[PDB]
Amino acid sequence: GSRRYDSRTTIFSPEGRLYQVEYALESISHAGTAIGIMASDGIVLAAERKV
Amino acid sequence: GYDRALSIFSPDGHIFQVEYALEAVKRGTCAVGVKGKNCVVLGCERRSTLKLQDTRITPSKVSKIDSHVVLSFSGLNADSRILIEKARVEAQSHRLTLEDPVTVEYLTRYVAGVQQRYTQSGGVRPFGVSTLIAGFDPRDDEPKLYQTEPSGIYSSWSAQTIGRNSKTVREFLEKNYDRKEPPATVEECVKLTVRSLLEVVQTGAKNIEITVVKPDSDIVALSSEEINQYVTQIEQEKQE
Amino acid sequence: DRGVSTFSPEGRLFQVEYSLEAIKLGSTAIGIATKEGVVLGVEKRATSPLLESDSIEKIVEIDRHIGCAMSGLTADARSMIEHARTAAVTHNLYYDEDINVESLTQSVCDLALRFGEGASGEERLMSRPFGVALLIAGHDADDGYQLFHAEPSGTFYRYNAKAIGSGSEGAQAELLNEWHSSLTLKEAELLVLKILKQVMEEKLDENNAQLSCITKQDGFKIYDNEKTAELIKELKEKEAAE
Amino acid sequence: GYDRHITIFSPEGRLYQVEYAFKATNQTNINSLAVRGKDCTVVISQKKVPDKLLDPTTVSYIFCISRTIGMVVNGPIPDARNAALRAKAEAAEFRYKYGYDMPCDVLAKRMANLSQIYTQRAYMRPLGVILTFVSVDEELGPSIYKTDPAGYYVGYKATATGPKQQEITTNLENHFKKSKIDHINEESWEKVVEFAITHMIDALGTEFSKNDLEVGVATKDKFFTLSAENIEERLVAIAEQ
Amino acid sequence: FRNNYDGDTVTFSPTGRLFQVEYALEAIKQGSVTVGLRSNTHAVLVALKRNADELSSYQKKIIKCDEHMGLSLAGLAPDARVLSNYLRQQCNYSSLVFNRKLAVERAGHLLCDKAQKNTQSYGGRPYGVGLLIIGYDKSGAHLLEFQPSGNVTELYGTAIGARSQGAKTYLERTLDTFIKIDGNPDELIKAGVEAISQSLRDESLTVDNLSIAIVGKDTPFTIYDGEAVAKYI
Amino acid sequence: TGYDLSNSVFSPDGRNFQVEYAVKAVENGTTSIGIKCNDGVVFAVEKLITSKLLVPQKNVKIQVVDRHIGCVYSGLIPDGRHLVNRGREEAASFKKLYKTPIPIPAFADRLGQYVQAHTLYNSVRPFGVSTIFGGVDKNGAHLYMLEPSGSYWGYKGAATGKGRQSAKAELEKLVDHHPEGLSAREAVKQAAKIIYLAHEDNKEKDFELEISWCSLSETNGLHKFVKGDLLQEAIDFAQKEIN
Amino acid sequence: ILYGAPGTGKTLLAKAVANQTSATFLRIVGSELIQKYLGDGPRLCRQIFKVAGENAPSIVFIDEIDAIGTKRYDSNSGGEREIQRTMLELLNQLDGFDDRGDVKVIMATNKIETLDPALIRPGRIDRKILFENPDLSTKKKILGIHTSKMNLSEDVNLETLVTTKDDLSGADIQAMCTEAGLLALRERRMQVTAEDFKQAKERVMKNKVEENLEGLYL
Amino acid sequence: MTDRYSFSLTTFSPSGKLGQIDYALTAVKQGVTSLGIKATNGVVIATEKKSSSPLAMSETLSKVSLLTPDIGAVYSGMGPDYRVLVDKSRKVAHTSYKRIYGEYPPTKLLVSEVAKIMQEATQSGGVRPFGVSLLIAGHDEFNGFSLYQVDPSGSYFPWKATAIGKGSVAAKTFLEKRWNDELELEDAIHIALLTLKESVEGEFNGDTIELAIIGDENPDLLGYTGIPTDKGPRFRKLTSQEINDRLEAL
Amino acid sequence: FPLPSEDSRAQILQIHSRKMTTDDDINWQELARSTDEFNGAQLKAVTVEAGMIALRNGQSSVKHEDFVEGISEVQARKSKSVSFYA
Amino acid sequence: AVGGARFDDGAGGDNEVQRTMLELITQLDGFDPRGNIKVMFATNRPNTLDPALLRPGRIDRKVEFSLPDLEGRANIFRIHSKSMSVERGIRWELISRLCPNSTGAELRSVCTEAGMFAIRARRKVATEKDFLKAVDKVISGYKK
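Chains as they are written, first to last, in the deposited numbering: chain C, 2 to 52; chain D, 3 to 242; chain E, 9 to 250; chain A, 11 to 251; chain F, 2 to 234; chain G, 6 to 248; chain I, 220 to 437; chain B, 1 to 250; chain M, 349 to 434; chain H, 313 to 456.
Take these hints with a grain of salt, some might be off.
Below 27 Å or equal to it, Euclidean Cα-Cα: the simulated DSSO-like pairs (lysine-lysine) are [what the hints assert, rightly or not]: (1) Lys50/B <-> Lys33/A; (2) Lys43/E <-> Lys194/E; (3) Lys347/I <-> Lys449/H; (4) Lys57/G <-> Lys181/F.
Derived by calculation from the structure, the hints in this document are not laboratory data.
Using the sequences provided together with the hints, build the complete structure.
Here is the structure:
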């Protein structure tokens with residue numbers, strides 16, 4: 002709740018999920034959108050860039 | 003205040019961090035199993051709600067430790083694969099030293115010891131994923147079902163329900179199941195196990211993974227049509 | 009504010025104060041040391057019929073003639089169990105003799121009274137203080153039947169009748185009177201069950217109650233389900249006459 | 011200060027440990043001057059006079075690392091003696107491994123690299139003093155390299171340590187501008203001290219006696235510190251010219 | 002004074018005296034109490050054993066370290082146990098290399114530097130147990146009073162524990178009594194029983210309560226119990 | 006402020022508050038003085054008597070480094086004994102290598118790098134004691150006192166403790182008696198009376214006079230304890246001047 | 220003591236008990252019990268039991284307490300000094316009031332941790348109502364009321380609407396029936412067909428109520 | 001201000017980006033302005049130097065060092081941060097390459113190893129990140145000329161024209177619109193002198209300004225003669241006296 | 349006006365003993381060792397709590413031994429809950 | 313609610329509590345003997361009063377109210393069982409044993425709630441199982 006220790010990964014959060022993992026998904030969305038494609042005859046990879 | 007360290011026993015006699023580890027299990031996958039006289043059955047729940055997901059390349063929840071000993075966890079998949087990997091290393095180390103197959107009692111003390119050493123060690127996070135260790139003793143058909151808890155303790159149960167809605171399914175296992183006379187046949191233990199899983203799964207097929215363990219080091223995995231076959235038998239009374 | 013090493017100008021302890029509360033939340037461990045034998049018992053705490061009553065045990069056998077009782081957190085206890093088992097074969101390896109109960113109790117308490125990673129004049133094993141308490145009994149060639157209590161805080165004490173766990177304050181009230189030096193083996197078995205039944209919430213049977221006995225002839229022997237039920241029937245006969 | 015508890019760059023981009031590191035240099039309130047002749051380098055430090063319980067001869071703000079090499083430290087004393095014993099170790103070890111005379115350029119550069127190690131260790135305190143190293147190079151000749159508490163080192167024609175450095179630089183800037191050279195005339199090292207005393211008194215605005223000052227002299231392959239009687243001879247030598 | 006300083010034992014107080022010594026001093030006051038004195042030819046310590054209840058046996062506060070050297074335990078138990086093996090190792094090291102028994106003044110110095118390193122170190126567990134060390138060497142009998150701060154002093158005798166003021170007053174008026182008695186260990190033990198009885202409110206006066214251990218030129222250090230100490234009581 | 010929590014902290018005043026309180030802890034102890042003569046040095050320290058149970062010539066804090074250096078400190082007793090035991094190993098390691106007695110100005114550099122580095126370290130607590138050491142080395146007589154902050158210089162006299170201010174006025178009078186200073190036995194008689202004068206603050210309890218000196222005249226470079234008629238004469242010398 | 224959200228557990232449960240008891244519903248605003256003035260706190264509390272204490276015709280009901288429930292430590296930061304004297308004196312009115320149960324006091328608050336343990340006085344209040352998630356039978360009883368006057372097509376049944384549900388409360392299910400009727404006005408008909416419920420369940424539980432059920436153990 | 005967890009290098013930032021990284025650029029921004037211009041036939045670098053006292057030696061400060069004869073470097077920031085970094089970087093370049101492949105490290109391999117030290121400086125606790133930003137210019141036989149902007153966070157990216165320090169944002173728009181990739185190195189030197197002059201107009205001479213370029217080999221700087229195979233050093237650092245000759249032709 | 353010292357409170361407790369009726373065997377210098385951080389007003393409350401020890405000791409008057417037990421704590425604090433070894 | 317001073321009196325112009333402290337000083341201390349006339353207060357916190365009254369000479373004894381022990385909580389339940397119909401074969405010692413230290417109200421709640429569980433089972437008296445569920449209702453429902 003009000004008391005949160007994000008410093009060490011060893012400290013368990015009151016919700017049960019580490020807060021470093023929560024905001025790590027935001028850094029993923031802050032970057033460019035990358036789309037993987039798995040095909041039968043190969044793999045198609047298309048992605049943008051952040052800069 | 004007292005949730006920032008593992009070295010404090012807390013004023014309530016229980017570490018709050020251990021209780022928070024159970025919250026991830028309550029929101030995680032479900033693990034339900036019941037052992038019979040000659041066999042043990044371990045069910046689980048794999049979430050298929052994610053679209054465009056290949057079930058063939060996705061490893062099943064039930065992992066193979068020993069020929070006659072399997073394992074099924076409930077919780078986050080990230081911390082569970084380490085508990086499976088560390089157990090497999092000791093599973094092979096038993097034959098490297100004692101030459102005998104994996105003992106269910108010895109394997110549980112090691113898996114519980116993994117969470118034990120990391121809990122006692124300061125600055126190291128333990129595992130908050132509860133695992134169910136089942137199997138047969140060497141040259142013995144007597145099933146042995148053990149569990150692991152975030153508190154660093156192990157308890158032996160004939161039938162146990164963990165995960166989401168653990169208390170709701172537990173009421174089903176304390177009435178139709180009898181420890182004094184467990185089901186002798188394999189079909190009776192598997193058919194009743196599916197009915198207990200239909201509560202958390204709520205009419206699904208690929209969301210149920212059941213691995214039946216047989217003596218003489220035998221592992222069989224029911225297919226999607228074989229698992230759904232027992233679902234029709236349980237739901238037959240509702241459509242009759 | 010707590011602060012561990014930093015106290016108030018009054019000065020109780022912290023990890024020990026939290027240890028006493030964790031011990032009182034564990035299982036009830038009752039035992040009595042007499043001249044003809046030492047009988048121990050524990051409350052398994054069965055919350056459901058699906059929970060085994062013989063696979064898990066809170067009474068570990070350190071030696072054939074030397075038993076032990078465990079009430080508290082089992083996680084930090086197994087570190088002391090393997091240390092007590094190592095100390096058992098230690099005295100057998102070096103001196104080729106059965107270690108005395110008082111000598112073995114002090115050897116086990118050597119690890120419980122120290123902690124910390126930093127080492128100066130002694131090796132370090134425990135990374136953090138452990139609050140697990142143990143009841144060490146047995147028989148030796150000098151003091152005979154002896155019963156001690158392993159305290160991680162201070163030095164162990166010699167108790168003739170000791171009860172820890174949630175049944176500590178409840179059982180010790182009757183141990184200051186009914187205890188006597190002339191109590192035989194049969195009288196000691198009925199005295200424990202009489203007190204154990206009053207300090208236990210559930211009914212008394214072989215499922216939720218498992219006792220043990222320590223003698224010289226039979227060593228460490230655990231009462232089976234058939235022998236325990238016979239002592240329960242003898243307990244109801246004595247309570248009905250009184 | 012929520013972010014003030016530690017040594018990092020802070021949200022304002024300003025190191026607050028350097029803020030109090032420079033303030034500790036003026037705690038002793040000692041003003042020194044370092045000048046360089048053509049063939050020689052002469053440094054002068056102000057020697058404070060304590061009560062009768064202390065020996066002023068034993069009090070020195072200038073330490074001798076080796077011959078021709080010297081160190082002028084203005085700041086906290088306990089950090090000066092610990093850095094003096096450390097600076098001598100690198101001087102002797104460099105003459106062994108590399109077998110060469112350690113120049114004041116590297117000697118100030120080594121202390122600059124060692125200063126970051128102090129900041130890199132959270133349990134170790136950075137140097138809160140002012141390290142001024144002077145020597146006479148075989149090639150470059152006289153050179154002054156002063157290592158700031160933050161690790162900055164750069165050559166100086168005439169440097170100073172103290173609050174009066176603003177007035178010291180002004181008087182010494184026009185002196186070197188008219189002659190268009192950074193060296194003092196009268197190549198004889200005995201006459202160089204005469205100018206170093208003259209330009210210092212007018213810059214500081216306060217004349218001092220032999221017991222209020224100390225004068226080091228770094229020549230080629232030789233170094234020595236003038237005693238109380240030798241400093242008195244310098245004041246008499248100024249009148250004779 | 003709540004917080005504002007003294008995170009660990011390293012932080013000094015505004016007065017200049019670490020309050021962690023007073024925190025460990027309460028464990029000595031709340032712990033067992035012992036009374037002892039010495040003379041030129043003899044040294045004796047009378048320890049009062051403690052227990053929990055009637056079913057709990059009294060534990061001896063005197064642990065044997067050296068043949069000619071002994072002490073008593075008043076303070077925290079885990080602090081005195083580690084120091085027991087440290088002092089005994091130095092007695093065996095002195096009996097190995099130097100081959101002579103460890104001196105009293107030398108035992109107190111190694112004990113002082115043992116707890117001084119952990120005190121100046123970051124964090125740690127400083128030793129808060131009080132120790133009264135007696136012994137006989139070529140220099141004669143001596144008695145050292147150990148404090149949780151590490152201070153070591155020499156006295157004819159003293160008392161550390163609960164209600165230690167009563168024995169301190171008795172030793173001031175009787176100071177000239179036990180120092181003039183040499184070669185008679187009986188009179189020194191009789192003075193020790195009357196010394197601890199004055200310092201106590203007299204809870205339990207029985208025999209198993211007191212533990213007497215005396216060392217001297219002829220008779221070495223020996224712990225007496227049972228009928229051995231019942232003659233004086 | 007919050008800068009006193011631990012070591013390795015730069016205060017706005019230029020010196021740590023823990024070091025400031027360590028200096029004030031020295032003023033809470035006893036009075037230890039010293040006199041540096043031409044042929045040697047004289048040490049004088051006062052030991053506070055707790056009660057009549059104290060045995061004389063037991064707790065004396067006078068230590069001897071090699072044969073030519075005496076050692077005395079004023080401050081925390083347990084913290085002071087740890088520095089003397091380590092300081093002896095520093096002077097011994099010099100003889101274990103160079104095979105010669107250690108000079109005094111070099112003996113101060115070993116304690117300097119030892120104590121001053123600990124003030125820079127957080128894990129190690131700085132020393133709150135002031136150690137006074139001196140003697141006669143191959144070069145001559147030298148006297149150096151180690152401050153709790155780590156700074157030291159040559160000292161013609163030693164003043165520390167609570168009565169250092171009252172003793173400072175008496176040490177400066179030595180110039181008035183003679184321009185070259187007193188003799189070896191005259192310095193012991195003069196330093197003794199200073200202890201009786203500084204006792205006015207500690208007069209609530211008793212004291213035991215402790216004086217030691219090392220010179221090349223009588224002991225020929227040995228550091229011994231003052232006894233015999235020299236100790237009794239220094240005691241009666243102050244009783245007549247106070248009267 | 221009441222918990223949950225207004226309109227469902229803090230409203231329906233209050234008005235449902237007053238119906239069967241045949242008593243008048245008397246609502247008292249909890250935030251109005253504190254006038255931040257000395258003497259008005261105990262005055263308004265004693266007058267509550269006075270109007271209901273003659274013939275006991277009605278029952279006292281109190282809802283939506285964000286104020287007197289939390290006194291903090293001070294008259295600032297959301298608390299008030301008059302709350303300390305009001306709650307402490309209200310305890311005397313609870314013990315002094317005695318009847319056979321014709322008059323009850325029902326108060327609603329979000330958290331009882333900020334309440335005064337004196338005013339609580341366990342054994343005076345034995346009733347604690349925790350908000351429970353609606354079951355399968357909850358939505359079926361809400362639909363039957365509105366579907367009585369709303370004609371349903373042949374493809375609309377009882378088990379069809381309850382097949383996919385987040386266990387919305389009895390009030391939120393009413394909003395789903397209104398959205399199904401709103402789509403019927405677009406096609407100009409009074410009988411809601413099965414195609415409207417498919418688009419209504421997606422709008423109500425997503426567009427009209429933003430949840431989305433954030434996953435990954437949250 | 002908000003959360004210290006962004007400042008802790010052992011803790012992930014609640015805002016998604018470590019506050020220690022963004023505020024370390026402020027320390028770099030507080031420093032002087034350094035830039036670079038990448039052309040087809042060469043890469044020019046220019047920066048302004050600290051004047052300090054009027055009696056301070058201008059020849060002592062050198063902000064352009066020598067890594068390999070084909071690769072130059074320039075930095076803006078604290079003095080010791082660049083020294084300790086490169087003193088170790090020169091050892092890693094020799095150990096991981098010259099002690100294996102027996103040559104001078106190329107552009108892609110050398111720059112990648114420089115950022116790895118900054119990665120450990122921003123990872124392990126207690127070690128503060130560097131307060132400098134290195135602009136590395138080099139030429140090899142594979143990728144050719146390259147200009148990489150190395151930030152203290154440990155992430156490097158190629159840039160044709162870039163600037164750091166206080167004039168980072170100001171000169172970035174200038175160098176973007178003024179400079180084109182199709183120009184040569186001769187026009188790159190004149191543009192670098194005009195953009196750097198906008199920082200301070202007090203002294204533009206070689207005393208406070210250092211200038212160095214990359215390009216083909218120089219036979220006078222090789223040190224030995226008689227071997228046609230081995231080319232001379234590709235990096236040439238212009239003397240402050242020679243810089244004034246370029247300024248007169250500007 | 350800081351908190352009185354150890355010997356500073358010995359003269360204050362001496363005057364408080366003269367206002368009441370005692371055995372006159374009390375030495376004010378010995379009782380000053382058990383007092384920690386007390387002012388002139390707090391010492392008046394200590395003399396009131398010290399006289400209550402005479403009731404527990406069964407004495408008509410208040411002797412010197414009744415003060416020693418009353419000056420230490422004999423009020424609140426952490427009491428007997430933790431003593432010796434728990 | 314009174315104390316030694318308040319806002320409307322100490323900080324205000326009106327005199328009510330400001331004149332109340334006079335009656336606790338002039339009358340009690342000066343005129344009234346200490347033996348016959350005594351004064352006792354009740355407060356939640358000592359700091360809510362006037363520091364002038366907390367000084368020695370008037371307010372000295374501070375009585376802290378602890379909670380009943382196993383023996384104290386057992387004697388309270390047996391008294392409430394006289395006015396409440398229960399089973400003659402129950403035990404009040406085991407009832408107070410499961411419940412931790414509780415206030416005077418929390419102990420009365422165990423007896424009052426014991427009759428509520430008997431309504432579900434439709435019994436005229438409260439058996440031992442009713443008291444066990446009443447203790448768990450206090451432990452789980454509060455957790456304080």
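Q) If you check each hint against the structure, which ones fail? A) none
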